[PDB]
Amino acid sequence: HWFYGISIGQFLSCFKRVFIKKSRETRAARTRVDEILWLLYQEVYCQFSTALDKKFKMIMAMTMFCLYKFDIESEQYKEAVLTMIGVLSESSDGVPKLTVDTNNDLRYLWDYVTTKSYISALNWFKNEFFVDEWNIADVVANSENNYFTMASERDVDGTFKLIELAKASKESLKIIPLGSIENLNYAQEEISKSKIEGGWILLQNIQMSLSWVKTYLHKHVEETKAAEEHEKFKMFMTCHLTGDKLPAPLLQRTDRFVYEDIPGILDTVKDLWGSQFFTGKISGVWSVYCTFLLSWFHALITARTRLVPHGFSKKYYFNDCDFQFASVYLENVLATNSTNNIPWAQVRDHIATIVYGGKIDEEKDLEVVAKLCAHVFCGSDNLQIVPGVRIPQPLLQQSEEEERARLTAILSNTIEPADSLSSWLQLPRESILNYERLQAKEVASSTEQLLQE
Amino acid sequence: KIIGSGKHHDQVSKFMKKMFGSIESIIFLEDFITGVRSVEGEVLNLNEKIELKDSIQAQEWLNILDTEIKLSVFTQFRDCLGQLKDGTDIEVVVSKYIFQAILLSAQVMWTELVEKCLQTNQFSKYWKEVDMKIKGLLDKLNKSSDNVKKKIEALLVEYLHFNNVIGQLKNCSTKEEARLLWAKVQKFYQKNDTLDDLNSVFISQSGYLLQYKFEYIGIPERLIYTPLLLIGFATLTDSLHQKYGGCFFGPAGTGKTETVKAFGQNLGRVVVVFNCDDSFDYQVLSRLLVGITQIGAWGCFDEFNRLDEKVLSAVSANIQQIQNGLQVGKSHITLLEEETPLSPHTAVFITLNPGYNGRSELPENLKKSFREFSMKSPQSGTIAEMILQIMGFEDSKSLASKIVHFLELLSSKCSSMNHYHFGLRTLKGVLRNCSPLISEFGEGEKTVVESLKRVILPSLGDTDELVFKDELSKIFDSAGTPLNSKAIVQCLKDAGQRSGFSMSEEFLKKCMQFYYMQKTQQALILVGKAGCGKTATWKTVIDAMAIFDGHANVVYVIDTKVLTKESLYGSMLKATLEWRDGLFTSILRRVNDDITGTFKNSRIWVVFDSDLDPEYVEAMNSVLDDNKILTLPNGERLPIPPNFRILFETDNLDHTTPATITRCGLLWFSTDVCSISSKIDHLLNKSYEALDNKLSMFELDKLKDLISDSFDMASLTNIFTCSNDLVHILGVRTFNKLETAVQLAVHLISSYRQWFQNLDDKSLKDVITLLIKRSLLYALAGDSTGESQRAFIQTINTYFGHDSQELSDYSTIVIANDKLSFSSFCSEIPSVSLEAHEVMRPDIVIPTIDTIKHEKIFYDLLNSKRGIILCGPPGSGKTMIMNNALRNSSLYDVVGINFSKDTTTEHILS
Ligand SMILES: Nc1ncnc2c1ncn2[C@@H]1O[C@H](COP(=O)(O)OP(=O)(O)OP(=O)(O)O)[C@@H](O)[C@H]1O
Ligand SMILES: Nc1ncnc2c1ncn2[C@@H]1O[C@H](COP(=O)(O)OP(=O)(O)O)[C@@H](O)[C@H]1O
Ligand SMILES: [Mg+2]
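Respectively, the protein sequence lines represent chains A and B. Note that the UniProt record's numbering has the first sequence beginning at 3639, numbered continuously upward. Note that the UniProt record's numbering has the second sequence beginning at 1547, numbered continuously upward.
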């Protein structure tokens, strides 16, 4: 992948930190060489896994655990774990050479894998490093660089996380979105004055201005080695893993990491519902109720988008533009029509086909969106979107503020069950198990290929 | 040029098409402007004539005319609506007003009437009224002129949309469902209590309102209204309401750009279409973008996904600038390094085609300002019913359902094949071929049956024909019969028996299918393995039609793959700026330009007699389509006359695109059109007629009688079946070796005509039989190992009669001028000695039995005027045997070309 580039200098700095970091006395590995080797593995995983996404985090953890335990442990361990990864991959099958009372943790791993709990089996290797994965706080504080790239997918943006960090980190995060030539000139002035003033600056969505970055930002960051001699400022970049390929030298000069934090369905509902009234009310009570239902539907559709091909054949990124268009349509239909609910039948067919079904190009996914809309919008005085919540229709006095408070209360009362992806969404649990088995198979195949290479 | 044309004022009309997009000319008066006329041909008369003094600038009077045409269109619309409101037939008002005005008046009146009809829920009466209006328009279409016919067809399209919507509303069970359906349908309204007349009429869809700008649109190609089209309109109006642009993406040929253009026409706008990936310069596009922003027109980027990366980035930046200015509401946006006003009525649409990587999406900077939508091919049944309703078909719903069911049933039951395509395109082809058949038989079910039998049946294989017949019988209750049978069948029999061809049932069937297919189709494809009879079939049909109608025929047989694209279509000297005709365009110009020759009363045929590939046919796809024009990359755009017909003679379609197969009438030869003992007879007659010019009468009659009765198919059928048992190097089926056998036999018989007059009948019969055996052996098993040749010799001596002179491995007729007997001998084994200095010359050969036999057969094949192919391992002696056979003779001179991994065709000529 174009984002996972690694250089010799970064590796050598990470190894230097092994000695530089006089951390807590680790496990007694006899000779100092073994302890240094273990610390090297720990530091490499702790630093260089941030620049990777979840799947490659798992792949790195498993592969480096295999590399370490193919030397520390015995053959009865090596062939056991080799056949174990063969079992996890769906390409091979068999029983490992389980030596009783000799490889205990391998027996816990066997208990994990037989119970078909793939996620815990893959997190076992991460747990065996006994190291806490660096959050962005650790990366921004420890790394002695002024440039970071915050990559992710198109479904989640970590701008709020960076805002929360920098508000708690010494001053004034300053968001500078790109776009038209006005945005470009504003950004260049802002950076030229911020390298002197020292405030942390952020560059949302670098990708759309790729041609600009190839010409202005590239040579700038490559030449401004005196920025470290300027005031202590940090320049951040937000990109997309599926986006266009950033230039290699620009990416190599800056630090990189991948933001992997998918909020829960209830968390997304709460965030959207909170943000909707921040801009102020537009119409009466029914507009508020329809906006609440639209927030629930948007959260459900975005959550189901994550699963692929389960729920949806493709990862149709439903951004906020779809929500805005659906909200505008809801306001229009509730304004032209009357207070009664009669036009629900046309609220669905427009939302399920025109605003949220426009991007869809397969009939099965269109059917999925249509049935989701039918479930969410068709309701008669009591709506059960997920098996844990019931939404009563508005009152008779039509007190809008009380209705908004009641909707907030009914959001806060409920909690998300651990099996929400099977209960809150309509797809079955066996589908989720098949999805997890597929991803575990991919991880095992990739790590076996790497180990063989 | 316009600036310098400020005195004549008549040179602007050339550029009116470019600067207005819809009107092609300005109709002048002696000193006034008396109107305009569009590309389709239609006089829009301005209410207020424009005076043109000599001192006035072109800019000023063009500016006044720009508003005058829109005001005239609104005046026509208002007059037509006032006329139709005071109830009057559409037939009397079609002849008065332009298509756009009558269209908008009809749409507004339909909306007004159906609103109250939906209020009262009485749809039957208005449905019947609209049906009567449609029938009146249909019968007036037959009695329409060349200009009014397009207007009537477009009004039929819109009126059938009206009737479809009214019927769907009638079938709705509940008022809620009826209003749901009414919301999606694009309704039209006008404000009776407003000023600024040009903004009176607007359009409401899904609750969103769009103003109707009264720009003249002419009489455009109206798209058939389908429930997938109105979804496209709803998506476009949803995007336009929030000021977002409009993006379509989907498979090519789904009419994305045509859907955008139809949306523009319904709103009264002409959409400026920027065509991409046509070596389209960026500066001209930037100028067009500035014009779009300043005027307020709708700009559609056709095939936007194919552009150079730098050009794509620049144009995406410009589009983002325009869209940001529209969304914010700011005026005077900054582009082209200039601040220019931005009219708020501007809009940008994009159509993205699927690339090599599969799906194509917008650049990142545009994804935040464009609402993508996925286009699909329409449902077959809906537009099938719509087209059958376009024609005067009764029970059009039932006919369309039956046709669609039959097509799906065929696709499910018939054996899979590469050219078997029963999608929507096949349906549209069936309906288009059904259209002209209405003159012969009426608009019943049997017309559809005949069109299906004339389109689908020829393209089907042998085993699937029975499926076609029985499913046609069990789906369509009535099975028709074809007319014009006796005359053309007799003419085909005459034109075939005149050329020696055998009128078997299969050959006559294929000829009849080709004749019926060419009756309507313009581009023909004939597919079948080598030797089926494609050339024989189409030549026989050409001769039959020449004898029948009396029209002359001009045939241009061109091999496409021999000639490069520059030679076939036309080459341009980019370094000197001259365009060369090429081959196809030269013979097209000789048709259009010339009139002295018999070119109006004659049928022109261009037979591409070679394998076809997508690269060659994509340069003439416009010829294949309904445009019927050859679009050269640079030069005049040639119109093909009705007589000009393109045929494709090939043997496979493993590389031809589905579009070409669907557009072109396909005739598939699943089997040989004649049996073995009909091709043999045809070749025998073709050789007898050649010998006839250099022989006496009685001798020739006796000789041909002996040749005919000497062999019979009873004995030869076993030989032909046994020849397949032999292993053949460079294998060719015996149906193609028959030519070599017959030609060699006849030539060998003719070569000894001097020694036949004084020859006894028994010895003469033995000579003829032996020579026939020799020819049969060297044609059927002539490409065998050499021991299998002896096995075939034993087979030959077995299956023929036991009394005729047996053929041995070396039996040759040697004739001496001093004796009269045939004196057949074999195995000479000559001897020769040579000096030391002659040990290596390029012409020294030691004569052995193999060398003599090979030389004799090679020379006999050469004298038969047929090409030879010597196939053997390296060093076997093919070149040596040729050069020895031709060095002895003083009639042939050898030219040795040595082919390599790539020898271009001009190497042979050089
Ligand atoms: N009706 C017929 N009766 C007898 N012989 C026939 C008949 N039709 C065709 N033949 C024989 O079959 C031959 C087929 O020639 P033709 O050029 O039509 O073949 P084709 O299948 O189109 O192949 P090609 O690819 O070589 O052009 C004719 O030359 C003739 O010898
Ligand atoms: N009967 C023969 N007398 C003399 N030379 C022969 C005879 N048969 C085969 N050869 C040799 O076989 C070789 C075949 O050469 P050539 O004709 O160039 O091969 P090809 O026909 O495969 O191109 C000749 O060089 C010749 O010397
Ligand atoms: Mg032919």
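Where hints are given, some of them may not hold.
To be verified - A short, non-exhaustive set of chain A residues, derived as facing chain B with CB atoms under 10 Å: (1) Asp3882; (2) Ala3886; (3) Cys3959; (4) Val3966; (5) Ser3976; (6) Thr3977; (7) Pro3981; (8) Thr3991; (9) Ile3992; (10) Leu4033; (11) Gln4036.
Think of the hints as simulated: they come from the structure by calculation, not from any bench. Each residue gets a CB set at the ideal place from its N, CA and C atoms; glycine is no exception.
Okay, the hints, checked on the actual structure:
1. For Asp3882/A, the interface hint holds, since its Cβ comes within 10 Å of a Cβ in chain B; the closest pair sits about 7 Å apart.
2. Proximity of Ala3886/A to chain B is violated relative to the hint, the smallest CB-CB distance being about 18 Å (cut-off 10 Å).
3. Given the 10 Å rule on beta carbons, the hint for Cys3959/A holds: about 7 Å separates it from the nearest Cβ of chain B.
4. A cut of 10 Å between beta carbons decides the hint on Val3966/A: the least distance to chain B is about 6 Å, and the hint holds.
5. The interface hint given for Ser3976/A is broken, as the beta carbon of that residue sits about 12 Å from the closest beta carbon of chain B, more than 10 Å.
6. Taken as an interface hint, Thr3977/A does not check out: its beta carbon lies about 16 Å from the nearest beta carbon of chain B, beyond 10 Å.
7. At about 8 Å, the closest approach between the beta carbon of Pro3981/A and any beta carbon in chain B falls short of 10 Å, and the interface hint on this residue holds.
8. Of the supplied interface hints, the one on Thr3991/A holds, with its beta-carbon coming within about 7 Å of a beta-carbon of chain B, less than 10 Å.
9. Evaluation of the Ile3992/A hint against chain B yields a held restraint, the C-beta minimum of about 5 Å falling below 10 Å.
10. Checking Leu4033/A against chain B: minimum C-beta separation of about 25 Å lies over 10 Å; hint violated.
11. For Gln4036/A, the interface hint is violated, since its Cβ never comes within 10 Å of a Cβ in chain B; the closest pair sits about 23 Å apart.
The structure is inconsistent with the numbered hints 2, 5, 6, 10, 11, although it conforms to all the rest.
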